[PDB]
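Colleague: Next come the chains, spelled out residue by residue.
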Amino acid sequence: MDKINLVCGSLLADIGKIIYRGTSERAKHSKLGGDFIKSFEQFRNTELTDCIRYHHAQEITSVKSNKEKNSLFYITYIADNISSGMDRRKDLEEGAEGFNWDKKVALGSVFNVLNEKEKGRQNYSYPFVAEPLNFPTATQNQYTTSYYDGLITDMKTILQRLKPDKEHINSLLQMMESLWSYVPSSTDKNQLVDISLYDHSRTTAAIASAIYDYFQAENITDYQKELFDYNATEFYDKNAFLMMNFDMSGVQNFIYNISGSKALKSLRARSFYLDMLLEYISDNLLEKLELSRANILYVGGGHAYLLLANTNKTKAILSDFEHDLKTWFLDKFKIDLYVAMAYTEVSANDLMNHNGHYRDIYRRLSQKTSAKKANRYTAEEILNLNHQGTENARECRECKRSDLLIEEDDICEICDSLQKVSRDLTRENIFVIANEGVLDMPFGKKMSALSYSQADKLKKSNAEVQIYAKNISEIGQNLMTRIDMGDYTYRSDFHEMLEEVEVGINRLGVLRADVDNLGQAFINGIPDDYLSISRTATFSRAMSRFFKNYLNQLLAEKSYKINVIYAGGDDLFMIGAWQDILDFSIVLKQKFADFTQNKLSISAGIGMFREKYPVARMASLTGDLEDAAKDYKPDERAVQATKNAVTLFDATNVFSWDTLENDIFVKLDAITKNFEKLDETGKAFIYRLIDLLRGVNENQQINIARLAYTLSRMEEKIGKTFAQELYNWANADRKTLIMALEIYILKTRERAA
Amino acid sequence: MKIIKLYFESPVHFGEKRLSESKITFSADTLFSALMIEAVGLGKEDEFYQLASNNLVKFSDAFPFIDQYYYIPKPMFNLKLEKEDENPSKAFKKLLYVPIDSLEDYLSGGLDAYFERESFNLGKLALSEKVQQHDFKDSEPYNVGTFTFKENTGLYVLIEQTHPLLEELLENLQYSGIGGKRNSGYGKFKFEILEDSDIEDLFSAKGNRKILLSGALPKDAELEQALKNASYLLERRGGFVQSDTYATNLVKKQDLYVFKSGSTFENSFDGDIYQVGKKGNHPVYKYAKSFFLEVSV
Amino acid sequence: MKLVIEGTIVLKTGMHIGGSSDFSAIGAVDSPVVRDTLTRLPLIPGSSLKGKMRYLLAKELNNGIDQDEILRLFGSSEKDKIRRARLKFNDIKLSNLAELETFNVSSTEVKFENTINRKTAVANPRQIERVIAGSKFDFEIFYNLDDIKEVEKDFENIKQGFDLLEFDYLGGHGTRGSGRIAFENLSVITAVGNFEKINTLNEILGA
Ligand SMILES: Nc1ncnc2c1ncn2[C@@H]1O[C@H](COP(=O)(O)OP(=O)(O)OP(=O)(O)O)[C@@H](O)[C@H]1O
Ligand SMILES: [Mg+2]
Ligand SMILES: [Mg+2]
Ligand SMILES: [Mg+2]
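Chains as they are written, first to last, in the deposited numbering: chain A, 1 to 130, 137 to 759; chain B, 1 to 297; chain F, 1 to 65, 73 to 214.
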C-alpha cells in the first residue's frame, strides 16, 4: 500500500469534524469526512477513504473482519492515539448519537495551562476571523455554522486542484495551516479544547509516516495484530521514532560581525540566508527520507526538530547527510558556521508520556546535541583546515577572510552574493532554489530572490526547482513552500529614513527583544497531565507564528520607521529611527503580553547609535543591554532574575516594563506638555537639571539647593506647580526623572534628525 | 606558580578581527609575539625561541583577576550529566569565567550561576572615536574598540619555572605596550612575578580531566589521540604580520586553528610553535603550546 | 634602551577634544568631550596629542622646501616604507582633581557661543563642553632608543614638537580661543638599560 495514501489520509483524517459541524446531517464525523473526500474523484482509492473513515476503535471493529490486514488505517488510528497523549483515546466519536456535541466552541489558547503552577489556570479562546493574527480573549465566544460553511467552501475550492501525490503534500499542509489553524480538534468540555485541528492532524500525519517507515524496515505486515488486536502495549514499548535536532551554531558572528561601509544593508540578507539555509536543509533531508513537511515539528531560530523513523536506513541516510553538510559548511564557512545533527530513539510511550518521561526525550536530545557540539570536527578536518592556509595580501572588506575572494574586488564570494540578494530583497519577492542562482546552497544548489514572473519561466520547464514564498495565494496550484520570517523593512536605505524624521537627534535605534525562560516553559511550563506532541506543537507554532507573522503585521499596521533584521523564534533584531524603536518597544511588550496573556515575559535592550557606528558594535552593545535587562533583579534576596525589564541605551538604565511605561512615560509626557514654551535658555536649564540630578549622589545638600534654584529660574515659563512636581520627583524618583529628562532632550534636540 | 599579574593604567585594545571591537583578555600567542618582538629589538630572538620550544618558558594566556580572585574561563566539561534537577549549562551559559579555586564547586554543582556573574565585574568596554585629519581633503573618521580595567582588576598569566630572559623581556614590554593601538595611548601596564602557593596546589594535583589553559594545537602525530573524549572549541588565529623587515608590504600570516583556552581533554598533549609565515625574510611564529590544569571528573 | 619622557600639560584657555557619541555623554550636553570610561574624568587621548604633534612637526620640518625624521618617530606603513615607531604615546588622564576641588569647581564647563547671520543679522546659539583652564595632565611618552646616533636629533625634534604645541592648540575649536596648552616639568629618564647621555637629553627637554 502506498505511503502517500497513508500520509494524505492521516492529514485528512478529521476532515469530517469541520464537515460535521459545518452542515446539518447528524452523522459520525468519520463517515461525513469520508463522503466529502469521496466527492473528489482524484481522492478516491479506498486507502484515503479507509484511513479517513476508520481511525477509531468502534469503526475499525465494525469492519476489521471485512477489511484485510496491513490496511493503512490501523496506522492512522494508532497515530491519532499517540498524538492525543493523555487525552481521550478510545471513546465515542464525534457525530455519533450517544452524546450532545457542541458544534460552536472555540479553541482555547495553549497559554491557559502554561506556567499554571505559578500563574494559574484560565479560560481564554480565539474568536473566529473571516492573517491577521488572532489574539486570545477572556470573553466566551462561539463559532457559528457560517464560519465552518465558509471553511468548507474554501476547502472545496482548494481540494479540486489537489492530488494525492508527493508534490501536493505541501499544498495540503498549507490549506490545513490556513483554514484549520483556528478550529478545535475536539469540541468536548471537561477537557482542554486548545489543540487545533491543524496541529493534531499534522502530528498524526508525522507519527503515521514514521510508524509506516518503521514497519517497512521491521518487515511487519500484520498491522491489525500488532496495533489493534491488542492494546499495542508491545508496540508502545518499542522505540519506533527518532527525534532529530538540527542545530546551527555561530549565526550571530556570521550575520552581525561585519565591518563594511555598507554593512547595514547586508544584515537582513545574512539573516535571510541563514533562515533559508536551515529550511532548505530540513526540506532536503525530508525528501531524502521520503517524508513530508509534516514531520518538521519545528523549524526556525537556527534550530529544527524532525520526527523520524527508528530504522537503519534512516540512520545511514542521516550519517551521509551529516557528512555532506559538514563538508559543505567547512568548504564555505571554515568554522564560522556549523550545523549539529543529533537524534535520540523514542517510543510511542515516550511521545504519549505514559511512562512518565516525555520530557526525557528532549533532555537526552539536548544532551546529544551538546555532546556533538563539544567535539565538532574529527582529527582530519582540523588537519585540512590548518593545511589550507595561505599568506595573503588581500582580505574581504566586511568578512575579513582571505579565501574565496573575487579577483577584481576584495570581498568574499558569500560576501558579494549577499550584497546582490540584498539588492534583490524587496517586498512580494519569492525565492527559487535551482542549479543556478546567487547564494550558494548545500548539495549543489543555488538560491535567488528573483521575482514571481521570472520564476514562472523557471519551473514550468525545468528539473528540481524549489519555490519559496512569504505569501501563498491560490494554495492548490502554483506549488510553492511558504517560509515565514520577520522581514518588515520600512525603507532599506537606512539614510533617507533617518533624514525623514524632523525633530529629535539623528540617531539609529536598535531593539533586541527576547522571551524570558522560554526553554523553561517548554520543559516544565505545561502541566504533566496535559503533555502531548500535539500540545507541544501548538505552543511552538503559537510562539513562532507570533514572532514572524505578527511582528510583520503589527509593524505594517502603522508606518513605523523600522527595518526588522530578524524576528525568527524567541528573538528580535530591529533597526530604525530611535524614536520609532522606543515607541514600538512598549507596543511590542503589550502585544506579547496580550498574546501570551501574561504567561511569558519579554526582555529588551534598546541601543542608540549614529548612522556610521559599526554594525558589529551596534549588535554587540545592544546584546549587552538585552543581557543587562535579563539581569534585572529588584531585590537581592530572591532566586533567579525577574527578567521582565528593558535597558534604555546603557546598562545602567535598566527598568522593568511596568516601571518604564508608567513612571518614565508619564514623566516624559508631563515634561513635554510643560516644557514646549521654554526659551533656548530653558534648554540649558534642563541640561543643568540633568547634571545636578546626576551629581546629587555625591552632593546631598548643595546640589539639591542648586536644583531648587534652577527650578526657581524655570518656574516662569513652566509654572510653579510643575516646578514643585519636579522638585518632589527629584527627591523621590530620581533615576526615572533623569531618564525622562534625557529622553526629552534627545527627542527635542534641534540638531537636524 | 609564578603568576604574572598585569596592572593596566590605560584602556587596552585586544582585537579579535576588527579595530572597533576589543576583548577583555589576550591570548598566549599574542604575549609570545610581543615578547618575541621585544627579544628581536634587544637581539636575542633565537634564545627566547629556544627557551619557549624546549619548554623552559611556557605560559598560559591572560585571565582576569578581580581583588585577589584569579579567574579561569568556564571549562567545557562533559558534565551536566545530572539529568534530574538544577540548571546545568542553562544558567551556566552567560558565565564566561569561573574562579580558579571555586573550580571544584563548579565541577559538582552548587556554584551560583547568577552570583558568579555580578561578582565578576572588570572594567567596561568603550569605543574611541578618531579621525585622520586631512588638511585639504575631508577628514576620514575611524574608531578603536577599547577595554578599561578597574582599580583592583587586571590580567594574569600562569608561568611555571620563570626565566631571567622572560623577566627581562617583560620589563621591556612594559614600555612598549600590549594590544592593538599600543603606539597610541592603549598599551600600558605594570607587572609582578608574584609566586603563589594556593595556585601551585591546583597545578600540582593530578586528575582524569585536563583543562587546556592556553590556545594550543596538538601536533599531527598526537591530534588523533588528543581528540578522544575531548570537549573543545576550535578558534582561528591569524592577522597581519607585525614587523618592519618582512615582505616590504603588509601581508597576512597563515590562519592557524587551535583549541580555545577553556577546552578539556582526557589525553594530554604538548603543542608546538608553528611557523605561520614562510615567504618572508624572517620566520613568523604562532605559540600553540598546551597549558593544562588537571581536575577530577 | 627605553626612555620615559615625563611632563605636564597645563590648559591655558579651555580645551575641547573629541566626541563621546554615546548616549550617556550626549544626553547631558550637545558636544561632549572625551572622558575616562570608568572615572568619567576628562583625558587627552594619546592619539590626539600624537597627531597634533606630528602635524606640527611635519609642517615645521618641511616648511615648503613625510621625511625620515618623522617616520622614525611616528611610524609608517604606506606602501613600501614601513618604520615601526620610536615614540609610544599614552592616554593622558586628568591629574588635577584634588587641586580642582579646592576651588569648588568641576573639571568641565559649557561654553555658550553663537553665530550671527550676515544676510539677516539673525543669531543662533551653540553650546560646547570644554575642559576648564588650569586643568593639568601628567603624561608619559615612551621612546625606544633603537639608534644611538639619532637619539639627540629625535629629542631635538620632540622638543620642537612640544614648543610648536605651546604656540598652537591641542583639540577642537582652537582658532576660536580653545585648547591653548603649556608644558611644564619636562624630563626624560632611562627606564630600561643604561644611557650615559641622558643628561644632554634632559638639557634638550629642559631648554
Ligand atoms: N537567520 C538568523 N538571523 C538572525 N538571528 C538568528 C538567525 N537564526 C537564529 N538567530 C538567533 O541567534 C541567536 C544565537 O544563535 P547562535 O547559534 O549564534 O548561538 P547559540 O544559541 O548559543 O548556539 P551555539 O551554542 O551552538 O553557539 C539565537 O537566539 C537565534 O534566535
Ligand atoms: Mg544554536
Ligand atoms: Mg529567551
Ligand atoms: Mg533567544
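Everything labelled a hint here was simulated from the structure, so no lab data went into it. Backbone N, C-alpha and C fix where the C-beta goes; we use that ideal spot for every residue, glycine too. Please note: incorrect hints may appear among the correct ones.
[Said to hold, decoys possible] Sample of chain F residues at the chain A side, in silico, Cβ under 8 Å:
no., residue
1, 27
2, 28
3, 55
4, 102
5, 103
6, 132
7, 134
8, 135
Colleague: Against the structure shown, which of the earlier numbered hints fail to hold, in ascending order?
Modeller: Per hint list: 3, 4, 5 and 8 violated.
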